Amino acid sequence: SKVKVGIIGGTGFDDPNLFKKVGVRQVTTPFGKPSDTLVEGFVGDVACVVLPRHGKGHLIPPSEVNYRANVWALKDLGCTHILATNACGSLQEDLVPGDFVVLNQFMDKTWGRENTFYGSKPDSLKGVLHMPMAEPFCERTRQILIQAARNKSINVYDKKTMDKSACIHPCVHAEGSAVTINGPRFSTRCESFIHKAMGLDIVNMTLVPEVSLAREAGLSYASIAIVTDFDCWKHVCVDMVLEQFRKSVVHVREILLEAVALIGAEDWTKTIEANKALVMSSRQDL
């Protein structure tokens, strides 16, 4: 019944100020060191832990982030949930810089990253885990993020029920799919055209394997993406984009803080049990 919310801060959250620090935790996991020390505290009455994905100084690129250590360390400190941010590029006309997206789907183009806790090697947990991922996020937690935005007077656009003419910017998109590329380079026009033609909404570099390991760890995970603009190469463009992005960070902070409180206002007993049981029923070695 104990609820505790971990937060993985991406670009723009390299040193977040979400709450007063009660504890600063330098932790080691069986999969190595996390990206930085973990800061533990309280939002209202809800215990919370925050970790910068890229470390202080933003020195670790997307492909070298130790996703296993970050997720394992949050589990180890008792987290039941993880809320994560990520900065992204738009692939579709209705997703414009300054919007947010509460993702529900992804296509994985990453490689070379440790993406599972289990295996046959000495540095892994014993066993073979095949997790279902058809809808890869925790749906309850997704809806918390969306309600938090409604609660903070931020426009919410749901393409599954609202006319396109009701898409008022800036807005939180209530659903969406990301293609996760490995980085560090951005896509060619050729690549972006194909990703767009496949119906993908945004592009990012950090969602996978973070979302996958959160599920393997029995935790409820949801991501909120900040749409920004990486195409100033076609002047003063960068300051306008960075001013919009600073505003985006303010609003996502309010969304995150309100989502933590909304998580604590509910019972999660059966959802946490289901999270843990799904890990156990996915063991193919038995």
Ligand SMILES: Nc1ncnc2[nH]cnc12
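Under this definition, the rigid core comprises the largest set of C-alpha atoms superposing within 1.5 Å between the forms. Positions refer to the first chain, counted from 1. Compared with the form solved in complex with this ligand:
Compared between these two forms on the core, the listed residues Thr37, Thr29, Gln244, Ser63 keep their C-alpha shifts below 2 Å, save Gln244.
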The other form holds:
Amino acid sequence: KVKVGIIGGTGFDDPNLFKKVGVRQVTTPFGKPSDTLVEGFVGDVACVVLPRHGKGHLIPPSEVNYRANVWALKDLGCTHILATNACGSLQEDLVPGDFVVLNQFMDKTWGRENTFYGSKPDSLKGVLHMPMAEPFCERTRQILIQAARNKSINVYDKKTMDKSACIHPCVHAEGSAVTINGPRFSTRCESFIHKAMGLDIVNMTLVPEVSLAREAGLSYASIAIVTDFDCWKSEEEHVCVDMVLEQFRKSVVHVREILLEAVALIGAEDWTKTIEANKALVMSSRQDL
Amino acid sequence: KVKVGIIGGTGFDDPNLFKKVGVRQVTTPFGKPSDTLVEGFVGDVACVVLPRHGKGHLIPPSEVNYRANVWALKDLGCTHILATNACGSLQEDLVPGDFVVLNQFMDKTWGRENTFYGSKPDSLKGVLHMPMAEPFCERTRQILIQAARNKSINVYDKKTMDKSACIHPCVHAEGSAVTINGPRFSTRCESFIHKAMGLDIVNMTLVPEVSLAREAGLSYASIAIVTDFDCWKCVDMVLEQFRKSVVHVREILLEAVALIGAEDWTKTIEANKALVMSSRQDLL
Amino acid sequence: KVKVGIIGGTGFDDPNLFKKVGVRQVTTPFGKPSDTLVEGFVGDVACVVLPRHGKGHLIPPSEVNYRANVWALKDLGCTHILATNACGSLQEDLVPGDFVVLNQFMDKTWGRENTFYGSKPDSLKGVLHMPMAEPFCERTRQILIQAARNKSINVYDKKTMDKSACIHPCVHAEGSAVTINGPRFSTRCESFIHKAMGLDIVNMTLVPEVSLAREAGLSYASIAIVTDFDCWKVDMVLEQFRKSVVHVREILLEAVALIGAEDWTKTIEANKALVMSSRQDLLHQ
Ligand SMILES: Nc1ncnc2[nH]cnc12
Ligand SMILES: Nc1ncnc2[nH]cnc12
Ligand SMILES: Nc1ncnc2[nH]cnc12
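Complement to the form deposited without this ligand: the form solved in complex with this ligand:
Then the entire complex follows, led off by the chain already shown.
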């Protein structure tokens, strides 16, 4: 059957999503995960929760062992990963309190281990060139959107709905993220350049987590929590740590509701062909073979 | 009391701007700084000078230990840092021989240690998320512009003056820089792309120096020397002009130190320190 | 005094361009190269070939030791380097099966050793700031283009010819590449941003290879093989890539012959003089 890993960002250190069955420590060919993993059940759906930044939020986005976290969830038999990401908005219609079910990204990270395969010692032998045109699992994306509908959260889809139909607080049914390396926030100059490229939000944690998930043969979807307008607007709306966590409290209640419904909706369907296609995509991407 | 640190770039490998009182061979948690630090006074204002690339200019931009350079100045009690940066112009009105008091940047560096904090080698415990919307100390920026005026150098502010005020050589009162990693210069393709993004100049050394200065609680301002047009558009004349630009910048730096020491900075220093404290993600 | 090195990418992990005269297992001051280097002759012209990814194609683009590859070729006496690079098209008129003799690039790589000089122990002493406005050797570019003409391969020059004179498959007489770090391909978002910038193709291996070749005082030119459209827009592509490899081999063999047919004394002089004039450490400025 299925088993859903949850990767919690800011505000989701120990989200108490179910009734904790146990705590498990996993070892990985790529090092230790950010923390031990909490195993349990949402309904009768197996679920495991892993905080991205560890215990007391001591691991910055740039130094998170994304390889170990994803592989640990794969090792425990996860078929899916749902992840949360706090983010700043680059557009007027994405406002604090909204959420975004991302479908695209632009990568500006560096110095992070972004692949399981290579020639280095602590890498799997081989060369893996994975396609990433649409880098998320689309079925799992639509689960997150449907979970929002089931919880009476407004859903805004810019592909068919105009900006006059956008009703806050809402889940944006698509969106593109630029992932910066951190730990600093962007300059106004960088923020305007990203905006001019058409990007919707900026975060620090999406990449390479999303890429490694696909490399691992797992279905991955992310829901971003809009906490601020980055720094392209007026000075009082400029992002800081205080502003990011201030918006978060009312949002985490709704995000947790979305995540819990999504896990149940995943367990209500058959994923046999999707899981097989995920694994076959990894094999067809090996260019050493 | 104020104490002004100066980080000298290309053309300032061993400036000797004042009668030196002493020299400090220091070390920091993040390693050795680029060279010995030279101590003296401009009037009654204490001043410390270090060459970004070392006395021999043997250290390329991506291998400069920016963390050690900023922290060594912090350890000596510096309240300000003034820095020079040689650059290429991406825009028609910024010509070789001009200067730019930068107020913005777009970062394309990689592989450099750009934060004092983390879970990394030598890094301090914690997670620091500094706001960087306007990344310089604005008071110190205006002191640089004011020093240029008192040195009879034309000041051009495109936001507030007409085109006819752009008389060369001039100090541009604002501007944005793309910081590339080096050591190679840009291709024509890259230069065209950076120009289309609206950037004013290209350089190799501003980042992470400016970021670490804010992390250290110090007021930072940069004055860039336009040394040529980047390749979106004879070397004996360019070299002679750069020598004149170095003379102009030495005089701006010396005047700037005196202007800084004429004002009180208690509030700004405390505000710099408080911004660091409120940026600790692990503590909130 | 002329000797042509060849760096083969995808489709050239086991090149077999000429009869192997000698097989060199070399080391460099910057590590070992991707594989043994094979020496031989194309006609009377000495030649050296090296698979960028190794025979097993086990080395991904970001882990290739570009320093060692370029330096090993130079240590063996090479004056030129011809390189192949598989790529995706970002433009309508560059169709799979076409080739591109590149003249420009935009670099989005990171974490790769991109210079021979510096202050670390595994680098040469000094600070080298190389100009790169037109980063390839123009004479060698034109030899690749002329080689395509001599082998009856269409050449499309957008500066000279009409857009309807673009007959496929063809060698494009110019073009710009974005080099991404890999190993993953681009997202649709990134592909559209790159296309919006005006870039022609996307690849993973051009940089820092082209930059190190100029640092080494060598004439470098690249021929890119369009294998697909990038995602702005399995067997039929494999058969199309098989045909592309055959015609790229023909271009490479002909280009070596054309290089050996001319005098390069002044060009080589200028290559070496550019390295020396680009030193900015003060005791060797
Ligand atoms: N403005 C911002 N930039 C990057 N990451 C963020 N996380 C929350 N707000 C952010
Ligand atoms: N064109 C240029 N690009 C980058 N750094 C420079 N320093 C001086 N000129 C430069
Ligand atoms: N689309 C693509 N992107 C990067 N490298 C490639 N090599 C072949 N096709 C490619």
